[PDB]
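Take a look at this one chain, the form solved without the named molecule, written out in structure tokens.
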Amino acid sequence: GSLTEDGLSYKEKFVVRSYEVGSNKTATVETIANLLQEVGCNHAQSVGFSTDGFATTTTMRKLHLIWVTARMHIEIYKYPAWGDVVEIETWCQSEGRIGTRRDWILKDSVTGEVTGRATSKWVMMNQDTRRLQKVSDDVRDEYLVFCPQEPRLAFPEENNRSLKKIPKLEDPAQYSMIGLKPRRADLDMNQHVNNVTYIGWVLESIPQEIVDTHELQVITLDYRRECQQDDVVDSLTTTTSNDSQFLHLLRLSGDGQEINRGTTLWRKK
């Protein structure tokens, strides 16, 4: 991968691997989410950032502040097949004092066709107290230089899905997958649970008949609290709807504390 000519976005090509694909020999949404995280990590490394959190600035490190994901929204039009080359472009935008936003565009490397798009909202937190805060002018000034300053949205549409409010699933759920636990492969280099794991866990409670006859078109996921290495999770789903729509909730099996909520939209093959 490499920064683009203006140095305000980053592109990387990936050849889809045999173990990255599902039953129809196309990349799973977890593979796509892993490639999104990877091109994002390479973008931050290319402009001088370290690995103690995602894109921690000098002033942030001094003040014990970290960026955390608040939401992830992914829309896929075509999943790339085993052996195909996918090109991903990514950039970050400053959203004033509220936080930042990272966007991605996925393209078929042969035809140049846009095959998918994604967005993510990021907020600032004190690494020790876990308390959120507005972004200071000093911090904003340190990272604004690597961002396009004019609006550049992967999702420019007036009332688009990426900004929809997600309600809380009411007991009892229509479907469930109980007692999910992370293994060592589910942790990142900092020993935290990887954000892609939460995607896999949300999808575990979708009935197999839906997975076998439909394709995932959109997934929106709100991240409330991180799951720790020794936590056990329950995945709950309820249908809300050719298209099938679902409301999702991930909570700790012990106390029932919410960790994630989201929605998925599927289309019959």
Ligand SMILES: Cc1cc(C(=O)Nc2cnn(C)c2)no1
Given for the second form:
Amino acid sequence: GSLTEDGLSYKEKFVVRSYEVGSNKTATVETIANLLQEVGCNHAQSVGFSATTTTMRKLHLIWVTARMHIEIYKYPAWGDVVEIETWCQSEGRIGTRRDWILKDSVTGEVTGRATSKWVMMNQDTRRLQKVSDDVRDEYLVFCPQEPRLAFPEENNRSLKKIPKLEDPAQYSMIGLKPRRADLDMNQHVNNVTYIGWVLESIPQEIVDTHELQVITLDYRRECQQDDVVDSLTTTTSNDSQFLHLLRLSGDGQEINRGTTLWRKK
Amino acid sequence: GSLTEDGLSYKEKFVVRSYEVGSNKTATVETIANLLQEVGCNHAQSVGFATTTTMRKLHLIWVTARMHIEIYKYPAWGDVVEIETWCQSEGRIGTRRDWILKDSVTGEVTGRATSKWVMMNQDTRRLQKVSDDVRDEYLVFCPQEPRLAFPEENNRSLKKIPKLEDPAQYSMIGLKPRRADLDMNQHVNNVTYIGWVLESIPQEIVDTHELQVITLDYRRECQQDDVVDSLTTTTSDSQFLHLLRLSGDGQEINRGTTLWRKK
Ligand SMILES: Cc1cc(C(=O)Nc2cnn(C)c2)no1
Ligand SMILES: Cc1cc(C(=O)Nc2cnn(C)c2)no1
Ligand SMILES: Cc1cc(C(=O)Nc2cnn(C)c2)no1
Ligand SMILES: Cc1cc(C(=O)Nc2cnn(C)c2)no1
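Beyond the form solved without the named molecule, can we have the form deposited with the named molecule bound?
Next comes the full complex, this chain leading.
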């Protein structure tokens, strides 16, 4: 991978692995999400982060995901090369945004796009806060100054408000627990595991006859490594749409909410 | 990746990913096992496969009986690891796939692995010995003189593993596979079982020790709607005896041993 000519974005090529594909011999949405995080991490590393800035480390501040939105037109096949381009942008004092564009390396055609919203949080108290001027200035030298959006459209799906699923759910998958492979180097649950957990309550017949086109996921609280999660799904809809809810198995505390759009094969 | 000059082995380089590493910022044993499977699949693809022409005609498949991995150094995040793999026929008992892991910068061996595979009818699930026709089709891609990742006589890779006796010292109960744990054929990936075994090791051992050797026997498959219990007992460096069994009837799916060195 490498930063582009202007140094305001980063590109990386990936060869789709045997264990990374599902029943159709194409990459799963979880493989796609892992590749997005890997290119994001390589971009941060290339511009001097380790994505905490100097001011963030001084004040015990970290970036946490608030929302992930992914739209896939074509999933790459096993052995195919996918090229991903990524960049960041400051959204004033609200937080930051990281965008991605996925392309077929052979045809050069856009096969997917993604966007994510990040908020500042104190690592110890877990208290959200606005972005300060000092942090904003350190981030701006690595971001394009004119807006560059993966989802530019007027009333686009990436910014839609998601409602809370009402009990009883149509479908559910109960007692989901993370294992060591689900944790990151800091022993926190990887953001991609939550996408997997959401998808667990989709019936196997929908997965067998449809392809996932769009997923929007809101992140409210973290799942600890000793927590247990219940995944709830209700059909809201040629296309199938679902409303999702992840909550702790015990007290029913919300950890995530989301929506998925599926197209018949 | 590519087949070597003689065409009897295959090499591939991998850059260790951010999500592939644990608390020490080095690859997990599960990342290592996934890379072993990936280079194995790329080798089979390069030589025309891992079912052969005779196997497809008779509804036959290769199934793992045993996996043995020894790691001297786990590669760090961003490091490049080179893996070399090759296959060998073991008469009519089955086949063996071996691996050598190296640091791409130093050229030093950082790990080695070996696996035993048995023939099975994919419909009846009945094991069988390798026939002459299949043996002949495999031999043109394997070295004819023995080449072993673990050549030493009476070594760890061939040791008989006993069955853990109840009560276990430690346990992790109610483990279930999710869709990410399945392969393209909707079967549980062999690497998931390694993860499940390791789940019953206490976090303090993981935090203060590095895993040096893991030997795992595969007895029966876990279906996607099955639930597993992972059991561990200290037998000792720290050594453990492991057992994976179904949560309901207690049917054995795996047994194994792990050896850990203090950091
Ligand atoms: C899915 C998905 C994407 C990311 C992501 O961008 N992660 C990131 C960006 N910069 N750094 C240092 C890490 N995490 O989960
Ligand atoms: C607001 C708000 C809180 C959280 C939160 O703690 N959850 C979480 C899960 N993974 N990451 C990186 C953060 N996210 O948004
Ligand atoms: C761990 C581990 C290694 C393998 C392995 O070699 N898999 C293999 C070999 N040939 N093909 C086509 C697949 N499976 O799990
Ligand atoms: C003898 C014998 C049977 C099995 C078996 O069915 N288990 C299993 C799990 N994953 N694979 C590929 C096979 N293993 O050894």
